[PDB]
Amino acid sequence: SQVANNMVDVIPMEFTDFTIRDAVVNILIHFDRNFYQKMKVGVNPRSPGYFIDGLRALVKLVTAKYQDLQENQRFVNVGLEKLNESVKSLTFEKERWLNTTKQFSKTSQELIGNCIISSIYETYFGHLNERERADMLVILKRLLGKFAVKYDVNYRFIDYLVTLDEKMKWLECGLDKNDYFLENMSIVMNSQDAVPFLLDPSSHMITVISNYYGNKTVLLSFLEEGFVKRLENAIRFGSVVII
Amino acid sequence: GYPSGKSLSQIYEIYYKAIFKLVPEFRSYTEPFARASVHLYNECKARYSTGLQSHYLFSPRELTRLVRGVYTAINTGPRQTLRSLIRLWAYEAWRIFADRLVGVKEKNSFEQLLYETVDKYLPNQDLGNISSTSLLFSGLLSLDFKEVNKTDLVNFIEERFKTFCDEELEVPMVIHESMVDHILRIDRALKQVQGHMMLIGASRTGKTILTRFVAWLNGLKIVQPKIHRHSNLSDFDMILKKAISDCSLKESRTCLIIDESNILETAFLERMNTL
Amino acid sequence: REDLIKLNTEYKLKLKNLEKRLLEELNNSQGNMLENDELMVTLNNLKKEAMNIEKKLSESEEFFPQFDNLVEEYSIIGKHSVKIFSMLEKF
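Protein chains in written order, with the entry's author numbering: chain G, 2926 to 2943, 2960 to 3028, 3297 to 3452; chain F, 2560 to 2834; chain U, 3545 to 3635.
A couple of the hints might just be wrong.
Some chain G residues judged to face chain U by a derived CB distance under 8 Å, without partners named [as the list claims (entries may be wrong)]: (1) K3023; (2) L3299; (3) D3368; (4) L3373.
These aren't lab readings, by the way, just hints derived from the structure by calculation. Note that the Cβ used here is the ideal one computed from N, Cα and C, for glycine as well.
If we strip away everything but chain G, and leave its shape as in the complex, we get:
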C-alpha cells in the first residue's frame, strides 16, 4: 500500500461514491493477493512484481484515456458553438445532442475502473489460459463490485485497447483469427515499458512481427556466435530485434 500510493500520487481523478485513491490501491492489493492465491502453486517462492508493473500500466493508461476523454468532450463542445451560430429543420435534433453530452459523465465514471481491468490484462493475464483469464476477470469484476468504482458491464478488452486500423494490420501479417490470439497480440504491442516474452510452438509469430517492422526486422538467437556483436549493432542503429 505504501508503494502503490506513491505511484498513484498523480491525481487525474474526480469524486466517487465510497476515498477514491484509497479504493484503487486496495483493489490492486486484493487482486494480487487473489492472483497468487488462485493461479500459482508451490509454497511462497514468488512475490510482488506484477503489482508494480500493474500500477505502472494504470498510470500510463488513465493518462492516455483521460486526455482522450477530454479531447472528445472538446470535440462535442466545439460543435455546440457552431450549431448555435447557425440557429433549420434538421439542425435542432443535432442541438438536442445532450444525450451524448449527458452520456459523457457516465463514460467518465467508469474509465478509472476500466483502466484497472485493462492494466490487469496486460500484466497478470499474458501467460493465462482462455478459462484462467475469464475466471480471474470475474474475481476482478466482483472486486470492482465491492469497491465503489464503476466499470463497463458490457466490456471487451479487445475493442477497448485495439484500434480497427491496427487490428487489420495484425491480421494482414498473418495473426490467427482467435480472440485469445488477439488479446495476446494486444498485450505484446500496447505496452512496451518492458520487453515481451513470446512463447509459441509454431514460430508463426516470428514472422508476424517481421511483417510489421519489415526492413528494420533483424533476427537473432541467443545461440549464434555473432550474437554478442550483432546486438550491439542492432542497438546502435535502431534495429527492431526478435531473439
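Let chain G serve as the given structure and place chains F and U on it in line with the hints.
Chains F and U only, in chain G's frame:
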C-alpha cells in the same frame, strides 16, 4: 559436544564482565544479561528448528556473535542508561537470531520470546516497543552508535538516496518502513570486520539496489561479476583475483555483489567458499 | 454476433468520420453557396445511422442474455470433448 546450558551461562557472564568495564554503572547487570542471552539461545534453538527451515541452525557461536555485537555498540556509543543497554542487547538479539527467520508466525514468536526473557531476567517498566521496526540503532546520524528517531532517519535516507540516485545509476523508488529497517541491517553487516550478508528477497523487492546504496554510504567500491552464458571459471577467477589484489595491495575496500545467476558451476560457488 | 460488435465500432468510427466531413465543409463553404446541404442530406442519412446504433443497442440487451444461455449447453458438450482430446493426446 556443547556445554551445559549452565556453563554457557557462566562463560558469557565472563564475557559480559569484560565488556561492562566500559559501563561500570551496570557491573551488577552482567549476570542477568548472560542468563538472558543463554535463555534466548536455548529458546530460539528449540522454537525454530531445521524441521521448519534448513537454515534454522543455532550454536554458541550465536551467543559469541551477540556478546561481541553488544560490545561494539557500547565501545562506540553514548554513555548508557539501563534502558539503553537492554535495547542495545535487544537489537543485537534481533539481528543475530531473527533476521534469518522466514514469514511472520515465527517472527512474531521471537517478539514475544524477547519480551518474555526481559520480563524473566531484567524486570523493568522502562522498555518500549521491542519489535525490530521500533528499535533502530545507527551511526549514520550520530557520531556515536545510538538509537535514532524514525522521523530523523527516514529524512536522512531520503536526502542521501536522491544524491545516490543523482551521483550513481538513475533509478527512482519509494523509501518505506521495511526498507529503513533493512538499510541498517546491511549497514551493520558491511561495518563488521568480516561482513558477509546473504539477502533472501524474492525478486524486485529491491535487495540488489539497497545493497548498492548502503555500500555507497559505507564508501565501498561495488563490484558485480560480469558473467554471461559463455563465461569460463577463468573469467570469474580474474574478476576475483583483481578484487583481492586491490583490497590488500591497493587498500580498495570493495563490496562484491554476487547474485545466484553468477554461480554458473559447482566450482564458482567453491571459489566463493574459499573466500 | 460478428456484425453486432463490428457495426458497433464501425458506425461509431463512421460517426467520427462524418463529424470531420461536416466541419471541413462548414469552414470551406461558408463564403461559397449552401453546399453544406449536400452533406446535410448525408446527415439526413445519419438519422438512420445514429438511430441504427440505438436499434442495435436495443437488440443487444436481448441477444447477450441469449448468448450466455447457449454457453451452458456447449459447456456440457465442451467439457467432454477436452477429456476426449486429452485421452487421444496421451496416446
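Do the hints match the structure? See the list:
1. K3023: Holds. Min distance 7 Å.
2. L3299: Because about 6 Å separates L3299 (chain G) from the closest Cβ in chain U, which is inside the 8 Å limit, the hint holds.
3. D3368: holds, 6 Å
4. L3373: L3373 (chain G) check passes; min Cβ-Cβ to chain U is 6 Å, inside 8 Å.
Checked against the numbered hints above, the structure breaks none of them.
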